[PDB]
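Asks: Read off the chains here:
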Amino acid sequence: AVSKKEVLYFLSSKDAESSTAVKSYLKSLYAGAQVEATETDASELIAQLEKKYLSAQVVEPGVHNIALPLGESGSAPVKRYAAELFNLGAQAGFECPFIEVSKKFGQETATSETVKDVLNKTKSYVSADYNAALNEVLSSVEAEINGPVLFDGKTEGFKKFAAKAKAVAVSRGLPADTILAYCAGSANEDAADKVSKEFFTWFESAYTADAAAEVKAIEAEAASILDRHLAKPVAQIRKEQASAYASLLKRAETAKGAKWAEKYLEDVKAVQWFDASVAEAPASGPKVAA
Amino acid sequence: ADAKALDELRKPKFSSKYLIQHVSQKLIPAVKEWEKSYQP
Amino acid sequence: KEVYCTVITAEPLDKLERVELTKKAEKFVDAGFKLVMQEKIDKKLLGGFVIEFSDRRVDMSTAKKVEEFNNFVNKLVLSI
Amino acid sequence: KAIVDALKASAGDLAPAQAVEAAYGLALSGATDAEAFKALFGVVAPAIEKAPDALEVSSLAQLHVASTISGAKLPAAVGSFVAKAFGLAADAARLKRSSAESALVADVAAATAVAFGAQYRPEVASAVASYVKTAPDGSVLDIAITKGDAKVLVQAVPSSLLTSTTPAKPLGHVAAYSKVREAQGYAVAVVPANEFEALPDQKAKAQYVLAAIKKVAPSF
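Residue numbers (the authors' numbering), protein chains in the order written: chain 4, 5 to 294; chain T, 40 to 79; chain P, 150 to 229; chain 2, 226 to 445.
Don't take each hint at face value.
To be verified - One-sided and incomplete, this derived list gives chain P residues near chain 2 with beta-carbon spacing under 7 Å: (1) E169; (2) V215; (3) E217.
Claimed, not checked - Computed list of chain P residues with no C-beta within reach of chain T, every gap over 10 Å: (4) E151; (5) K164; (6) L165; (7) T171; (8) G181; (9) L184; (10) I229.
No lab work stands behind these hints: they were computed from the structure.
By construction, the Cβ of each residue, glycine as well, lies at the ideal position given by its N, Cα and C atoms.
The following block holds chain 4 by itself, in its conformation from the complex:
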């Protein structure tokens, strides 16, 4: 059963095993069961850890339900794949990726006075091809002041760095004037409309190029896994795979009583139903209850 904080996370979720846990919970509440009071407890560090591990139970069956657009031509399979992961972010409680990674910046650098310590605590989230181009330009503005460039904004020594880092950001290809004019806004709704149409033209060309770089790495991983496997004789392949299949079954049979190992071996019985339901009618496929 679910712990009533999982089932609040699975309401806007749309995978199968989470909706049938919701639907049997809503069928219990139709038969007069009391909805248990959700906890007004679990302080700021424990609340961010439950949100970390309940979002990952919405993301994990959702990622396995998104077909990769491997070996497709065009942007719309890559835009479908990116839109399904956007919607998986919203179903799991994430915001927009722009609003969720900039929250990661301002959280990791809450205590930063100099921008060299910004550029070292946001190292995991910024590309090293871009972290280096902001560190080389930093040491030139460090050469003009011969004092550490501050994370102040009011400082004029930062204002000449922010005009040099804007020259770096346009060199990568990303419009730093359009990005800044979106998250700041404007007064009228007509001049803010044209900059949102120009941010979302960058943003869609941004997240497509992250999805397409993810597809081009799965395509390159699968093509090197296959070409290594096609160089084996077929007798080696069948026993390398039967050794890997049997070792991975035994790890789920060593684990007794665990919920994951009970569900692992129950899905092995559901794959063998799929192979057996196809053998009865192969022009029809698997037989669904209809």
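Model the placement of chains T, P and 2 on the given structure of chain 4, informed by the hints.
Replies: For chains T, P and 2 alone, kept in the frame of chain 4 given last:
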């Protein structure tokens, strides 16, 4: 036997979801007993 | 028969942030000894306080509660 | 008056997920034609009685708003069931809170602590933890104040629940959440963030919150 369902057949099979649940069922109740008992 | 101290906080204190701070500190000396006190500020602390007794330190900052939290969960998920 | 009487005769053409959003939209606009709500609730009530899991929990909560503001009743198994599903669908929007709404609620609750008398930070931090009482349906209210027999709820409605135009009044769903809580014993004081965060300091934000509580229940 035959003809399972549709909502039984829409489940992704070898996802984690239950290692993530088994970890959070043994990390969240084990860390509430860390902040309630914490002095440096 | 004093005990000299210094307290580092994140922002300058209220007059009630001061009084409930000393009762945290009168139980970190094992006598009826008075802390005189000394006040410093560090935005690198995320709130809380750091008392330096000039021979020992008690770090009840939340900037250190965060670090001891992550090191507890980053080591607990590696065993489970 | 010509939409609602078009809806009372042809409420058999609507799916139960569509009849909910008809009755929810009439209740939010202030319709009292209760026989239009007899027609709309005549679709959704046998549909929940056949399969209660047929509708979304977001739509079972939009039924409880519609079954409250117009006041038209449901069956005894249905109207008690959709009352829990307002408590479910309001918690799920609180766990998945936008984190600038979490920055606004903890800002409004701090100004609610200053308005009710707290000069120092150990008093506002111990007061906003006392504002997080539990609603009767099982959900959690963030700024819920109780003085004896009168309760006052403070509601912060950030920008996602605001109209996207320049006057920027809050959307109709904020009066949905208000009038359901008002039928639970609360006096919902709306604090919108287009007015709240234009204020420069914490004292002006506390008198804005205090004036908003006086306008709704002047006992506080």
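Asks: Could you check the structure against the hints above and give me the numbers of any it violates, in ascending order?
Replies: Checked against the structure, the hints that fail are numbers 2, 3 and 10, while the rest are satisfied.
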